[PDB]
Amino acid sequence: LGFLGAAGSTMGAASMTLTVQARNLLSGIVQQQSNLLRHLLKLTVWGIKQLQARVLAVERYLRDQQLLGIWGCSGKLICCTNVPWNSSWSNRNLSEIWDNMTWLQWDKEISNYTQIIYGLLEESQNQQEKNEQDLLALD
Amino acid sequence: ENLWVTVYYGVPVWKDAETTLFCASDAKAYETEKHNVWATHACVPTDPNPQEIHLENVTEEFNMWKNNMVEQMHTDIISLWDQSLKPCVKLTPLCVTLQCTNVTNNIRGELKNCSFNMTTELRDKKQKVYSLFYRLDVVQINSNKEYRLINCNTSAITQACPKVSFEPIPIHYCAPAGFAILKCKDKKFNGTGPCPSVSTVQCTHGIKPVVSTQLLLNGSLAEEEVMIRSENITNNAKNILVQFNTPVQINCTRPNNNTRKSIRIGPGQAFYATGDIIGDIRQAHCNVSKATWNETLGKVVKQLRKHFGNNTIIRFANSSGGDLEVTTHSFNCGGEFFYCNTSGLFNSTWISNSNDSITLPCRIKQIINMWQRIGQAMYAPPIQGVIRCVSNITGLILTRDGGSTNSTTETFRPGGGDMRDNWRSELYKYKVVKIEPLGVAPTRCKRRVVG
Amino acid sequence: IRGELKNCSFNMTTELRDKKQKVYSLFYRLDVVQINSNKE
Ligand SMILES: *[C@@H]1O[C@H](CO)[C@@H](O[C@@H]2O[C@H](CO)[C@@H](O[C@@H]3O[C@H](CO[C@H]4O[C@H](CO[C@H]5O[C@H](CO)[C@@H](O)[C@H](O)[C@@H]5O)[C@@H](O)[C@H](O[C@H]5O[C@H](CO)[C@@H](O)[C@H](O)[C@@H]5O)[C@@H]4O)[C@@H](O)[C@H](O[C@H]4O[C@H](CO)[C@@H](O)[C@H](O)[C@@H]4O)[C@@H]3O)[C@H](O)[C@H]2NC(C)=O)[C@H](O)[C@H]1NC(C)=O
Ligand SMILES: *[C@@H]1O[C@H](CO)[C@@H](O[C@@H]2O[C@H](CO)[C@@H](O[C@@H]3O[C@H](CO[C@H]4O[C@H](CO[C@H]5O[C@H](CO)[C@@H](O)[C@H](O)[C@@H]5O)[C@@H](O)[C@H](O[C@H]5O[C@H](CO[C@H]6O[C@H](CO)[C@@H](O)[C@H](O)[C@@H]6O)[C@@H](O)[C@H](O)[C@@H]5O)[C@@H]4O)[C@@H](O)[C@H](O)[C@@H]3O)[C@H](O)[C@H]2NC(C)=O)[C@H](O)[C@H]1NC(C)=O
Ligand SMILES: *[C@@H]1O[C@H](CO)[C@@H](O[C@@H]2O[C@H](CO)[C@@H](O[C@@H]3O[C@H](CO[C@H]4O[C@H](CO[C@H]5O[C@H](CO)[C@@H](O)[C@H](O)[C@@H]5O)[C@@H](O)[C@H](O)[C@@H]4O)[C@@H](O)[C@H](O[C@H]4O[C@H](CO)[C@@H](O)[C@H](O)[C@@H]4O)[C@@H]3O)[C@H](O)[C@H]2NC(C)=O)[C@H](O)[C@H]1NC(C)=O
Ligand SMILES: *[C@@H]1O[C@H](CO)[C@@H](O[C@@H]2O[C@H](CO)[C@@H](O[C@@H]3O[C@H](CO[C@H]4O[C@H](CO)[C@@H](O)[C@H](O)[C@@H]4O)[C@@H](O)[C@H](O[C@H]4O[C@H](CO)[C@@H](O)[C@H](O)[C@@H]4O)[C@@H]3O)[C@H](O)[C@H]2NC(C)=O)[C@H](O)[C@H]1NC(C)=O
Ligand SMILES: *[C@@H]1O[C@H](CO)[C@@H](O[C@@H]2O[C@H](CO)[C@@H](O[C@@H]3O[C@H](CO[C@H]4O[C@H](CO[C@H]5O[C@H](CO)[C@@H](O)[C@H](O)[C@@H]5O)[C@@H](O)[C@H](O)[C@@H]4O)[C@@H](O)[C@H](O)[C@@H]3O)[C@H](O)[C@H]2NC(C)=O)[C@H](O)[C@H]1NC(C)=O
Ligand SMILES: *[C@@H]1O[C@H](CO)[C@@H](O[C@@H]2O[C@H](CO)[C@@H](O[C@@H]3O[C@H](CO[C@H]4O[C@H](CO[C@H]5O[C@H](CO)[C@@H](O)[C@H](O)[C@@H]5O)[C@@H](O)[C@H](O)[C@@H]4O)[C@@H](O)[C@H](O)[C@@H]3O)[C@H](O)[C@H]2NC(C)=O)[C@H](O)[C@H]1NC(C)=O
Ligand SMILES: *[C@@H]1O[C@H](CO)[C@@H](O[C@@H]2O[C@H](CO)[C@@H](O[C@@H]3O[C@H](CO[C@H]4O[C@H](CO[C@H]5O[C@H](CO)[C@@H](O)[C@H](O)[C@@H]5O)[C@@H](O)[C@H](O)[C@@H]4O)[C@@H](O)[C@H](O)[C@@H]3O)[C@H](O)[C@H]2NC(C)=O)[C@H](O)[C@H]1NC(C)=O
Ligand SMILES: *[C@@H]1O[C@H](CO)[C@@H](O[C@@H]2O[C@H](CO)[C@@H](O[C@@H]3O[C@H](CO)[C@@H](O)[C@H](O[C@H]4O[C@H](CO)[C@@H](O)[C@H](O)[C@@H]4O)[C@@H]3O)[C@H](O)[C@H]2NC(C)=O)[C@H](O)[C@H]1NC(C)=O
Ligand SMILES: *[C@@H]1O[C@H](CO)[C@@H](O[C@@H]2O[C@H](CO)[C@@H](O[C@@H]3O[C@H](CO[C@H]4O[C@H](CO)[C@@H](O)[C@H](O)[C@@H]4O)[C@@H](O)[C@H](O)[C@@H]3O)[C@H](O)[C@H]2NC(C)=O)[C@H](O)[C@H]1NC(C)=O
Ligand SMILES: *[C@@H]1O[C@H](CO)[C@@H](O[C@@H]2O[C@H](CO)[C@@H](O[C@@H]3O[C@H](CO)[C@@H](O)[C@H](O)[C@@H]3O)[C@H](O)[C@H]2NC(C)=O)[C@H](O)[C@H]1NC(C)=O
Ligand SMILES: *[C@@H]1O[C@H](CO)[C@@H](O)[C@H](O)[C@H]1NC(C)=O
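Those protein sequences? They're chains A, B and C, same order as listed. Numbered by UniProt numbering, the letters in the first sequence go through residues 517 to 554, 561 to 661 in order. Numbered by UniProt numbering, the letters in the second sequence go through residues 31 to 137, 142 to 176, 186 to 396, 407 to 504 in order. Numbered by UniProt numbering, the letters in the third sequence go through residues 137, 142 to 176, 186 to 189 in order.
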């Protein structure tokens with residue numbers, strides 16, 4: 517275990533842990549609450571690099587976390603979707619990918635049409651599914 | 031088979047990108063003596079616990095010449111140096127005609147007793163006082188010699204603050220959230236390539252900004268025999284970094300007993316001139332254990348053997364061309380800036396398979422503008438008292454043998470032409486990556502039908 | 137003996157604060173104005 521501890525292991529192992537990566541993603545001991553505590563101008567070059575790094579920290583976290591909210595998966599770490607898998611994406615079989623490719627390799631295998639999957643993802647799970655209440659919310 | 035897509039938040043995948051990093055260091059200067067030029071009045075404190083994970087099964091490829099952590103390092107030091115000189119005494123009034131004389135030839143003369151006319155506290159009145167200056171920092175104009192500061196011709200001048208430490212202290216570079224720094228834990232790492240032993244430490248090791256020329260000090264050394272790294276070997280032109288396995292100890296000391304003479308030039312501002320010397324004039328020197336040096340120079344030609352024409356003739360020459368301040372082992376020590384003659388170390392040549410100690414002559418300069426920066430130069434005030442530095446020498450910098458088309462032999466003379474390569478000797482193993490926690494994968498699993 | 145610029149001579153500091161130097165320069169009209186035989 518550890519942060520990215522299973523980065524080189526098979527995809528089945530990264531499926532098993534996963535939180536250790538998600539936990540250490542927003543806040544860090546490195547930030548350490550700023551201030552010297554314990561000259562009186564904090565306009566130094568260091569303060570500029572820190573604050574612009576604290577911004578992109580939450581700017582990149584919220585850019586990805588906004589994606590989880592529009593897919594109905596905000597509350598959980600792994601959610602299933604109602605989008606069928608299209609064979610043009612990969613020809614490999616069920617146990618052939620989860621035990622032989624590792625995630626590091628997999629991100630390069632879908633990076634071509636990865637944005638296209640994201641487009642179809644907002645539709646089937648939250649554009650129609652959240653709409654389907656119309657008939658079932660009350661009759 | 032009705033395979034459905036499923037999302038996974040926190041997937042261990044990354045892509046090479048370079049973001050803005052920041053400082054980290056614990057209790058250093060503090061109360062007794064602070065105001066360090068680099069660590070400022072406050073850096074974010076480093077965690078006492080360092081986090082290193084031996085990433086398994088991974089073989090990420092590094093590149094130390096196309097790595098941007100060294101370029102971020104370069105522009106940070108420049109902006110950090112200029113910020114530590116901006117609020118201080120400017121020495122614009124120091125540009126007057128200087129009438130100077132030798133010192134005690136006794137009819142041996144390398145400093146001059148300068149008399150000149152300078153503004154006082156009151157703008158109306160003027161004052162004449164003496165001061166001593168080193169050679170080359172002043173030049174003649176056209186019976187009684189007449190001189191001028193070498194920088195008044197070029198750019199402006201600003202005195203270094205009196206209570207500022209130019210001592211390199213460890214500065215840690217660490218990543219921003221969603222980022223990680225990858226460490227090459229492979230001992231042998233010829234140039235750069237796929238590293239089998241990677242770690243994803245959140246924070247680098249203790250990196251000291253040792254401002255050095257040609258030869259590196261207080262650096263990091265891998266355990267194997269001396270490493271040789273070139274962006275491209277055989278492109279005679281590209282410079283060569285050299286990592287030792289065991290560092291040599293070189294101690295330097297300035298025997299001059301400088302007295303402090305503070306003369307005001309207007310209000311609050313006070314120029315710190317060299318006073319009158321106490322004791323016989325002695326040239327500054329550097330000691331190198333001749334025994335320790337002969338073997339370090341030998342292990343390199345053994346490693347260089349397998350990289351340059353196998354078994355043939357490898358010679359070492361003195362710098363070769365260039366300017367006086369870049370061809371000598373320049374550095375800072377205690378506040379005064381030394382320039383030592385390296386021709387005494389790169390003269391031997393071995394090929395075909407209580408104790409004496411080499412010494413190096415050194416001169417001192419008080420006028421400096423480093424990193425070939427023609428914007429503004431600074432005057433380093435003379436350090437009152439005794440001077441002694443004792444730092445390990447861990448790295449080296451080499452250069453060409455001209456353009457010998459094939460032929461008989463190869464020679465490598467030192468040439469610390471640039472400053473950014475000095476930090477590349479400390480950053481060969483690191484590289485930062487951007488974590489992408491979003492991964493999508495198929496599995497025969499779908500959520501509830503209606504909702 | 142057509143005139144809208146003037147050949148100006150004036151006294152100005154040099155590189156060394158101690159010494160001074162005199163050089164000429166041309167300036168456009170209206171950018172300069174008189175004060176009170187030889188114009189000033
Ligand atoms: C590569 O790394 C090396 C190794 O780090 C590095 O070399 C170091 O360089 C720094 C400067 O860059 C040196 O630090 C300076 O030291 C000056 C001289 O004093 C030194 O030695 C003192 C010896 O004390 C012992 O003996 C005395 C009696 O002789 C006794 O009282 C003591 O108790 C002790 O037994 C030592 O004390 C002193 O520093 C500590 O203690 C004194 C009080 O004892 C205190 O005043 C200091 O603040 C400190 O806590 C020091 O080690 C020193 O003058 C200088 O500046 C300070 O003093 C001046 C004097 O006026 C003040 O004006 C100023 O405000 C400061 O307080 C500074 O501390 C260091 O010694 C070198 N090496 C060592 C041994 O660590 C190289 O530079 C690096 N490479 C490069 C790029 O150069
Ligand atoms: C970098 O450059 C700077 C430049 O400033 C250097 O700093 C300078 O260092 C020099 C070193 O020589 C200093 O000169 C010193 O001046 C003081 C003060 O002047 C008094 O004494 C003078 C004596 O005459 C000198 O020369 C004769 C020549 O033979 C010598 O014999 C003699 O020993 C002296 O060196 C007096 O002329 C002066 O006049 C008034 O008082 C007199 C008192 O009686 C003296 O003279 C009589 C004869 O008349 C003698 O019998 C008697 O013994 C005594 O010497 C009086 O007679 C006279 O009528 C007047 O009333 C002063 O009293 C001297 O005391 C030192 O001996 C020396 O000459 C510079 O002062 C100093 N600069 C400054 C800031 O002033 C700096 O050193 C250099 N860098 C280094 C390496 O540090
Ligand atoms: C580089 O140059 C500097 C500047 O000279 C050197 O700095 C001085 O060097 C000397 C010699 O190495 C040191 O040693 C001695 O210090 C003695 C103590 O003086 C200090 O404390 C005094 C307290 O009282 C003492 O003196 C009184 C008399 O006034 C006695 O009654 C009493 O018992 C004490 O002994 C203070 O009053 C004084 O101001 C100092 O703070 C000195 O007394 C001694 O003086 C002798 O030598 C002098 C020349 O150095 C000479 O002029 C005198 O007449 C006398 O013969 C001597 O100075 C100093 O401690 C040291 N510091 C300072 C600030 O002066 C430095 O050492 C040198 N580098 C090298 C290579 O040595
Ligand atoms: C030139 O080179 C010589 C030879 O290396 C140096 O002499 C050594 O100087 C170093 C550091 O200046 C000393 O190194 C270390 O001292 C440690 C002190 O112990 C503990 O506490 C400190 C303070 O909290 C901690 O920082 C430290 O980590 C320890 O917890 C030793 O414990 C170290 O030994 C072993 O463990 C560390 C822990 O990571 C490892 O990194 C080490 O590799 C090692 O396995 C270490 O010894 C050292 O004692 C001096 N002697 C020797 C023979 O190395 C000169 O100082 C140096 N000069 C310069 C300025 O470069
Ligand atoms: C995602 O999908 C995109 C397509 O939308 C893929 O893009 C391809 O990327 C590759 C690699 O970057 C491109 O390869 C090209 O390589 C060139 C050098 O050699 C190429 O040509 C050689 C001879 O060329 C002849 O035959 C080719 C055959 O296509 C013709 O196109 C030529 O006109 C000539 O007739 C070939 O032998 C050799 O294999 C190479 O094709 C280089 O000059 C190009 O800039 C380029 O890098 C490829 O061209 C891109 N796509 C297409 C179809 O053009 C991308 O890889 C996909 N990513 C993943 C991982 O899925
Ligand atoms: C500092 O700033 C000054 C002023 O701006 C710069 O100018 C020189 O300053 C020095 C003093 O440090 C001058 O030298 C001195 O001149 C004194 C008198 O000058 C007048 O007489 C001179 C001839 O001497 C006769 O008269 C004197 C009267 O005392 C008798 O003692 C002699 O025996 C002679 O009979 C003339 O040359 C001068 O023009 C005056 O009329 C003199 O008494 C001193 O002994 C000394 O010589 C010097 O003249 C100033 N100007 C020059 C030409 O440099 C100075 O340069 C600035 N800084 C430096 C570099 O020092
Ligand atoms: C630049 O800065 C200067 C100085 O601060 C400003 O002052 C004027 O500078 C000019 C030179 O450019 C001066 O004019 C010159 O004066 C020379 C000698 O002056 C002395 O004698 C004058 C009378 O001349 C007699 O003696 C000379 C000796 O050479 C003989 O050649 C003559 O034939 C006469 O017998 C006196 O008036 C003067 O006060 C001196 O005692 C002279 O030789 C030159 O030919 C020339 O005339 C001028 O005097 C300075 N002062 C004035 C009043 O302006 C200057 O203004 C600044 N910039 C400008 C605007 O130019
Ligand atoms: C590269 O290294 C070689 C040595 O490996 C070196 O050759 C040696 O140079 C030294 C110094 O020039 C020579 O030593 C001199 O020998 C002559 C007689 O041949 C003596 O007269 C000299 O004595 C005077 O100078 C000494 C200081 O240099 C004083 O201490 C002495 O009192 C005298 O005033 C002096 O001993 C030496 O002979 C050669 N050869 C050898 C084999 O040692 C070469 O110069 C180096 N090149 C560079 C540019 O570094
Ligand atoms: C560090 O070690 C690395 C791993 O070995 C080095 O990387 C290797 O670099 C070489 C040169 O850049 C690559 O390619 C070589 O090409 C030569 C030339 O082949 C052509 O000419 C020869 C005759 O001269 C002929 O026989 C061939 O058919 C070709 O026409 C080959 O001779 C070599 O065998 C080799 O293919 C390597 O591919 C590359 N290795 C890899 C993949 O890592 C690196 O250069 C070393 N140095 C540094 C600073 O990193
Ligand atoms: C740098 O200057 C220092 C002195 O300030 C020189 O250090 C001293 O070097 C000698 C070399 O013989 C050491 O002698 C021996 O040290 C061993 C331990 O290593 C000890 O067991 C012996 O009894 C003997 O003392 C001496 O200790 C050492 N001093 C210290 C404390 O480092 C040094 O040699 C100079 N550099 C060069 C170029 O030699
Ligand atoms: C997958 O989608 C692409 C683009 O619409 C389409 O060309 C392809 O035929 C689809 N494959 C199937 C049958 O899932």
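Any given hint might turn out to be false.
[As the list claims (entries may be wrong)] In silico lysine-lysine, BS3-like type, Cα no more than 27 Å apart, as pairs:
no. : chain 1 : residue 1 : chain 2 : residue 2
1   : B       : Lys188    : C       : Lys159
2   : C       : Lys160    : B       : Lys159
3   : B       : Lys160    : B       : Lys349
4   : A       : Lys652    : B       : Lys251
5   : A       : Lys571    : B       : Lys231
6   : B       : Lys349    : B       : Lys120
7   : B       : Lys159    : A       : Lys564
8   : C       : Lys162    : B       : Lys188
9   : B       : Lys231    : B       : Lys45
10  : B       : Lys160    : C       : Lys159
11  : A       : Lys598    : B       : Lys146
12  : B       : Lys160    : C       : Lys146
13  : C       : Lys146    : B       : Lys188
14  : B       : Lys251    : A       : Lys564
15  : B       : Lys162    : A       : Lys571
16  : A       : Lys598    : B       : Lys206
17  : C       : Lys160    : B       : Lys162
18  : B       : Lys304    : B       : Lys188
19  : C       : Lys159    : B       : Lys159
20  : A       : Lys630    : B       : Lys120
21  : B       : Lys146    : C       : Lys162
22  : C       : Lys160    : B       : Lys120
23  : A       : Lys630    : B       : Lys96
24  : C       : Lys188    : B       : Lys160
25  : A       : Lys571    : B       : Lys45
26  : B       : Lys120    : C       : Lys146
27  : B       : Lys159    : C       : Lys146
28  : A       : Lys598    : B       : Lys487
29  : B       : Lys228    : B       : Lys349
30  : A       : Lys564    : B       : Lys349
Since the hints were made in silico from the structure, they are not lab data.
We went through each hint and held it up to the structure:
With a C-alpha separation of about 17 Å, the suggested pair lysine 188 of chain B and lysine 159 of chain C falls inside the 27 Å cut-off, and the hint holds. Under the criterion of a C-alpha separation no larger than 27 Å, the hint pairing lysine 160 of chain C with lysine 159 of chain B is consistent with the structure, at around 19 Å. Annotation: proposed proximity of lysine 160 of chain B to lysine 349 of chain B is violated, straight-line Cα distance about 68 Å (limit 27 Å). A hinted pair counts as satisfied when its Cα atoms are at most 27 Å apart, and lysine 652 of chain A with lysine 251 of chain B does not qualify at roughly 57 Å.
Between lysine 571 of chain A and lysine 231 of chain B the CA atoms are separated by roughly 34 Å; this puts the pair beyond 27 Å, and the hint is violated. The suggested pairing of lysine 349 of chain B with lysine 120 of chain B is violated, with an alpha-carbon distance near 54 Å, which exceeds 27 Å. Annotation: proposed proximity of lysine 159 of chain B to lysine 564 of chain A is violated, straight-line Cα distance about 39 Å (limit 27 Å). Distance restraint check for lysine 162 of chain C and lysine 188 of chain B: the Cα-Cα separation of roughly 25 Å lies within the 27 Å cut-off, and the hinted pair is therefore satisfied.
At roughly 25 Å between alpha-carbon atoms, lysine 231 of chain B and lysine 45 of chain B fall within 27 Å of each other, so this suggested pair holds. As the CA atoms of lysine 160 of chain B and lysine 159 of chain C are separated by approximately 15 Å, the hinted pair is consistent with the 27 Å bound. Among the hinted pairs, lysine 598 of chain A with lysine 146 of chain B is inconsistent with the structure: their alpha-carbon atoms are about 78 Å apart, more than 27 Å. Taken as a hint, the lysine 160 of chain B and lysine 146 of chain C pair is broken in the structure, with Cα atoms around 37 Å apart against an allowance of 27 Å.
At most 27 Å may separate the alpha-carbon atoms for a hinted pair to count; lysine 146 of chain C and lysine 188 of chain B exceed this at roughly 41 Å. Taking the CA atoms of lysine 251 of chain B and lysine 564 of chain A, the gap is near 23 Å; set against the 27 Å cutoff, the hint holds. The straight-line distance between the Cα atoms of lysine 162 of chain B and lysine 571 of chain A is roughly 47 Å, outside the 27 Å bound, and the hint therefore fails. Taking the CA atoms of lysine 598 of chain A and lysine 206 of chain B, the gap is about 56 Å. The hint is violated against a cut of 27 Å.
Our distance criterion of 27 Å between C-alpha atoms is met by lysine 160 of chain C and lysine 162 of chain B, whose separation comes to about 19 Å. Between the alpha carbons of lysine 304 of chain B and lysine 188 of chain B the distance comes to roughly 24 Å, so the proposed pair stays at or under 27 Å and holds. Between the alpha carbons of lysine 159 of chain C and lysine 159 of chain B the distance comes to roughly 17 Å, so the proposed pair stays at or under 27 Å and holds. Of the pairs offered as hints, the one joining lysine 630 of chain A and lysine 120 of chain B is violated, with about 57 Å between alpha carbons and a cut-off of 27 Å exceeded.
Annotation: proposed proximity of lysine 146 of chain B to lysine 162 of chain C is violated, straight-line Cα distance about 32 Å (limit 27 Å). Our distance criterion of 27 Å between C-alpha atoms is met by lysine 160 of chain C and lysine 120 of chain B, whose separation comes to about 21 Å. Under the criterion of a C-alpha separation no larger than 27 Å, the hint pairing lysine 630 of chain A with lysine 96 of chain B is consistent with the structure, at around 22 Å. Among the hinted pairs, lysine 188 of chain C with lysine 160 of chain B is inconsistent with the structure: their alpha-carbon atoms are about 34 Å apart, more than 27 Å.
Taking the CA atoms of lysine 571 of chain A and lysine 45 of chain B, the gap is about 22 Å. The hint holds against a cut of 27 Å. A C-alpha spacing of about 37 Å is found between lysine 120 of chain B and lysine 146 of chain C, which places the hinted pair above 27 Å, so the restraint is violated. Annotation: proposed proximity of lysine 159 of chain B to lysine 146 of chain C is violated, straight-line Cα distance about 37 Å (limit 27 Å). Straight-line distance between C-alpha atoms of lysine 598 of chain A and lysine 487 of chain B comes to about 23 Å, which keeps the hinted pair within the 27 Å bound.
Between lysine 228 of chain B and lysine 349 of chain B the alpha-carbon distance is near 23 Å, which keeps this suggested pair within the 27 Å criterion. Straight-line distance between C-alpha atoms of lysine 564 of chain A and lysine 349 of chain B comes to about 52 Å, which puts the hinted pair past the 27 Å bound.
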